[PDB]
Each structure stands twice: as structure tokens, then as C-alpha cells.
Amino acid sequence: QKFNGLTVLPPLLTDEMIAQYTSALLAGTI
Amino acid sequence: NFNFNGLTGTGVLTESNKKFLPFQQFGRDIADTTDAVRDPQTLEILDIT
Ligand SMILES: *[C@@H]1O[C@H](CO)[C@@H](O[C@@H]2O[C@H](CO)[C@@H](O)[C@H](O)[C@H]2NC(C)=O)[C@H](O)[C@H]1NC(C)=O
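Residue numbers (the authors' numbering), protein chains in the order written: chain B, 853 to 882; chain A, 540 to 588.
So that you can see chain B by itself, here it is in the shape it has in the complex:
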């Protein structure tokens, strides 16, 4: 969205779903 060609591509794994992965990682070991 920047002026001079510089674009930032959002990550494939969004902050919400990676939180789900974390909760999964906690859930198994707890």
C-alpha cells in the first residue's frame, strides 16, 4: 500500500489461525 512500489504481502498464516495452532500445541501437552 506504500507509494513507491513497495508492497507488503500479508502472511499466509493469519494471527488468528496461528493462535489456534498454539492452542492445539498446548492442548496436546497439557
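Because the hints were derived from the structure by calculation, they are not lab data.
No false leads were mixed into what you were given.
Ranges between beta-carbon positions, derived for each pair:
1. A/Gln-580 / B/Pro-863: 39 to 49 Å
2. B/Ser-875 / A/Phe-559: 41 to 51 Å
3. A/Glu-554 / B/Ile-870: 30 to 40 Å
4. A/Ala-570 / B/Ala-876: 33 to 43 Å
5. A/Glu-583 / B/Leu-878: 49 to 59 Å
6. A/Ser-555 / B/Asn-856: 12 to 22 Å
To list a few chain B residues with every Cβ distance to chain A over 12 Å, as calculated:
7. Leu-861
8. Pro-862
9. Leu-864
10. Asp-867
11. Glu-868
12. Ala-871
13. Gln-872
14. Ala-876
15. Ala-879
16. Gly-880
17. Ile-882
Chain A is nowhere near these chain B residues, computed Cβ spacing over 12 Å in every case:
18. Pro-863
19. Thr-866
20. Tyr-873
21. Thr-874
22. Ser-875
23. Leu-877
24. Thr-881
Cβ coordinates follow ideal geometry from the N, Cα and C atoms, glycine included.
The hints should help you fit chain A with the ligand onto chain B, whose structure is shown.
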């Protein structure tokens, strides 16, 4: 392809809530690029994107 007193460049023009000083003409961001220009006839605050 706006040209506000010699500034050739491309970008959308929309009214912005910014308020310049009476002498101030141009708006710049942290990256030192134009993002706010004042109309030289009907003095107003416009956003460049
Ligand atoms: C530059 O000239 C224009 C000529 O239009 C001025 O625009 C007028 O501004 C007054 C301000 O009250 C309005 O009442 C008029 O209706 C405007 N004109 C038209 C045709 O609508 C403008 O103010 C001038 N600016 C400077 C800095 O001199």
C-alpha cells in the same frame, strides 16, 4: 497526473481532516514523500495517495 505548482505526480485527490499552518503548503510523512497538498486557489487540505 496532478501538477500543484510544479509537482508532477500521480495519485488520488480527496479531502482530508488535516490542518496546515497558514504558510505551510506541503504535507510529508516519515518517508519524505508527498501525501498532503493545499489547493492554491480554494485553500483546502487534500490527501494524496
Ligand atoms: C482566487 O480567485 C477565486 C476566483 O473564483 C476565488 O474564489 C472565490 O472565493 C470567494 C471566497 O468567499 C467566493 O465567495 C467566490 O464564490 C469564489 N469564486 C467563485 C467563482 O466561486 C478565491 O477566493 C481566490 N483566492 C485567493 C487566495 O485569491
